[PDB]
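A.B. asks: Work the whole structure out from these sequences, hints included.
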Amino acid sequence: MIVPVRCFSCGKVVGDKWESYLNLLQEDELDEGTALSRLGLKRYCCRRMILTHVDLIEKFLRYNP
Amino acid sequence: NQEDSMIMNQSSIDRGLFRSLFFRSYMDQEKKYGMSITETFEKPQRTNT
Amino acid sequence: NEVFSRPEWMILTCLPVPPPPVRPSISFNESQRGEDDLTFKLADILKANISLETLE
Amino acid sequence: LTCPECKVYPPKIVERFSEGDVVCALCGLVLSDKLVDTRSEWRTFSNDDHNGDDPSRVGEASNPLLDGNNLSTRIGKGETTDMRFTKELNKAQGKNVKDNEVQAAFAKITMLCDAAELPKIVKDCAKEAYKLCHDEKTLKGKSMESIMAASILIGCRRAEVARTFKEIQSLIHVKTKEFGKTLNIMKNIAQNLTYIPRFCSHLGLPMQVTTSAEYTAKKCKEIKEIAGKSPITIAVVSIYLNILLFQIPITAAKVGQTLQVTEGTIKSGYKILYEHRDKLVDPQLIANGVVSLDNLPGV
Amino acid sequence: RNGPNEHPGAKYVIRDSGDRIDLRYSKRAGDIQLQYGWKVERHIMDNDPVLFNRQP
Amino acid sequence: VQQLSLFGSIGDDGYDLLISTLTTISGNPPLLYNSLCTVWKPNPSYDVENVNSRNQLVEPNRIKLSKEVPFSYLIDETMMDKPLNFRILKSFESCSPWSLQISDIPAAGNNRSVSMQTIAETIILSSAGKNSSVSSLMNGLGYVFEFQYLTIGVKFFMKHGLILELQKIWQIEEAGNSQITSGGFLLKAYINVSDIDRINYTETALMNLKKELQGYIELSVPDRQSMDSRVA
Amino acid sequence: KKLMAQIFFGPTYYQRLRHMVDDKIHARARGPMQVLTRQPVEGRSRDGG
RNA sequence: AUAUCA
Ligand SMILES: [Mg+2]
Ligand SMILES: [Zn+2]
Ligand SMILES: [Zn+2]
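Chains as they are written, first to last, in the authors' numbering: chain A, 1 to 65; chain B, 834 to 882; chain C, 225 to 280; chain D, 22 to 118, 122 to 213, 233 to 342; chain E, 393 to 448; chain F, 2 to 93, 159 to 260, 264 to 301; chain G, 1079 to 1127.
Where hints are given, some of them may not hold.
Listed next, the in silico BS3-like pairs over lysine-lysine satisfying Cα-Cα at most 27 Å (straight line) [what the hints assert, rightly or not]:
1. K431(E) - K28(D)
2. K164(D) - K122(D)
3. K155(D) - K865(B)
4. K132(D) - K865(B)
5. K271(C) - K28(D)
6. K864(B) - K144(D)
7. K33(D) - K419(E)
8. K190(D) - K201(D)
9. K419(E) - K201(D)
10. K271(C) - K116(D)
11. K33(D) - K876(B)
12. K261(D) - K190(D)
13. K865(B) - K33(D)
14. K403(E) - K28(D)
15. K164(D) - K271(C)
16. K864(B) - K155(D)
17. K42(F) - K419(E)
18. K42(A) - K1079(G)
Computed footprint of chain D on chain C; a stretch qualifies when at least three of its residues, placed anywhere within it, have a C-beta under 8 Å from a C-beta of chain D [claimed, not checked]:
19. 253 to 264
20. 267 to 278
Because the hints were derived from the structure by calculation, they are not lab data.
Virtual Cβ for every residue (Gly too), placed ideally from N, Cα, C.
C.D. replies: Next up, the structure:
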């Protein structure tokens, strides 16, 4: 839930890259592997951060108060 | 990491690896013991309690 | 054994009553009070006794 | 307890339960070492063990306030049991058994509360009112089904559970003047707002109507617009005013039916209140459909 | 002097008299002057022998 | 510092005999001395929690300031020209140096052969600045003047550091000084100890003095609670 | 310095389980006693022995 | 009393 700032393994900021990744997929139709790489996420530790994220926050927002 | 133990990247732990939230819930009733005796919600004073 | 165990002593005529330590009571909140199962079982023995005494 | 070394009048002492000690907070002298867990100790009397496997479970809780101190087990079937000896030892308990049987009048109160939808705190007050007045010479020879019908309104009038006397007249039984005198000799030893929730529910009105009727009725009394009419009538009348003011209306016949009042009587209170309808309503009431203060029936 | 909170510290002082001094609360936990024969209930320290066991 | 002591008393009439006895027993005649003590307590107007930075309980206590005064400040005109010796007692910019002391209630223990009190002391030598009066300085520490008393007496130096004081105490107030010791003298025997040995040795010295005066004047251990300056 | 061995390295899905040391750790040295037997009470919960 | 832990 909610994109991790910084990759656990090396600590490369990954907090900014979320919307940008989600955009390179809808708007650019691009496959996951290219979008990640476009965003400069080269090490698999960094790749796994975005590639395997589950943004549960968006469901959480669906409840009123 | 011998005999089923493991080593964790303390650096990763700081970055949020495996952290979790924890919520415990405590309950309490204000019970009524018959015609007169009733428990009360209040801050007890140490002289009369 | 003539001193410590005559056969006449197997049949109960008098009943040793154990003290509270063996059957503790607890006084909760004036409308709640807990007695030990033995204290219950004793009271039945007594009630049954008092009854049979009156009958004889 | 008071520290033998210090002795200050407010004896400031702590129960360090975790180390199982009772300490004097001032000098630090330990005043006691044997210390017992009362929660877990109470778990031995009132547990969840109904099967019989717990070795900790060794006693049972009783109620010295209601049934005095009558310790008594019951001969019943166990795992290895012949159905013969149970009968004999039970037929033998029959010869040893009057007032130890009038406790089945608690079963009359319990079956009346559950038929009247009454809480667990009301039964225990009705059972304590009945135990302390059923053998009185002040009640002497009152209708025995009307003295327990009076001790239920005595238990409701302390547990804050709104129950009119006509609500208990419907249960059992009640002879009105007979359980009305009995409700006073024991007493020596409702309002508009009470009915509004139920009547409204049966009426099928919205919260908005209920609240306004509730506000009007109180104001009616506050205003003293209805000199001595029964609260039930006042409430039914107020419900009429508010409801008529809103969209979903209810007629006198329908209100009276629910309130168990008569239209004529509701009319009586209603007209008395109507003159001050303006003062009566909640301030942010929204009259709807076509029913403003001017337009209300006025009947 | 170290007391119950510091590591190499102590919890109680047992006088000849038999009564236990709780260093956590005693107003005299500071100015506590020991006497031969008293007992200091001190923390477990490096190199104390202890029984270690794994059940069964 | 650890002060081991024993106390006693005598009425004015017992003076000469006691002086004569202590003079023979110690080998020296008495030495006249005085001291002014001012006691201070935490300002009641200010209030602070009673705990450490480590959140450990701290008990509020009084601070005692003590110094001497030239004898001439204690002799009026009626007192004029009277041998300045032991017999006189019968007819009864910056700050100066002071002794600052905070003491603890004596050590606990049933059947104590002597009183044993811990004393934290430091010395004030001088001051400077805006508010340099000892009074301001005490206030700066967060304390206020509570009370003060004058003590006049004679002392005897004995073996092993044992000291004996025969004293008279007067509380000082504008309303007047009242003699706390009215009637006689407060007798004090003590030794100041900066190892268990020297402590048991010191006890012995005091015990031998008590033993040597048994029958004549009795020296005992005062009540701990009477030697506790904590505020409460 | 390079390791003489080459390590099998890659991501693996690891789970965090309900058993954490701090909810387990327990120590006692004189404490609450039962009423009947006058022996140490039961369980970490009750500060048992 | 069920669930669970090695
Ligand atoms: Mg294992
Ligand atoms: Zn990375
Ligand atoms: Zn105390």
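A.B. asks: Hints first: check each against the structure and report whether it holds.
C.D. replies: Here is what the structure says about each hint:
| no. | hint | result |
| --- | --- | --- |
| 1 | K431(E) - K28(D) | 26 Å, holds |
| 2 | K164(D) - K122(D) | 18 Å, holds |
| 3 | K155(D) - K865(B) | 19 Å, holds |
| 4 | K132(D) - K865(B) | 22 Å, holds |
| 5 | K271(C) - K28(D) | 49 Å, violated |
| 6 | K864(B) - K144(D) | 11 Å, holds |
| 7 | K33(D) - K419(E) | 12 Å, holds |
| 8 | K190(D) - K201(D) | 12 Å, holds |
| 9 | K419(E) - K201(D) | 71 Å, violated |
| 10 | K271(C) - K116(D) | 12 Å, holds |
| 11 | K33(D) - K876(B) | 18 Å, holds |
| 12 | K261(D) - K190(D) | 21 Å, holds |
| 13 | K865(B) - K33(D) | 30 Å, violated |
| 14 | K403(E) - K28(D) | 24 Å, holds |
| 15 | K164(D) - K271(C) | 31 Å, violated |
| 16 | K864(B) - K155(D) | 22 Å, holds |
| 17 | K42(F) - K419(E) | 19 Å, holds |
| 18 | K42(A) - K1079(G) | 25 Å, holds |
| 19 | 253 to 264 | holds (count 10) |
| 20 | 267 to 278 | holds (count 5) |
Comparing the model with each earlier hint shows violations of hints 5, 9, 13 and 15; every other hint is respected.
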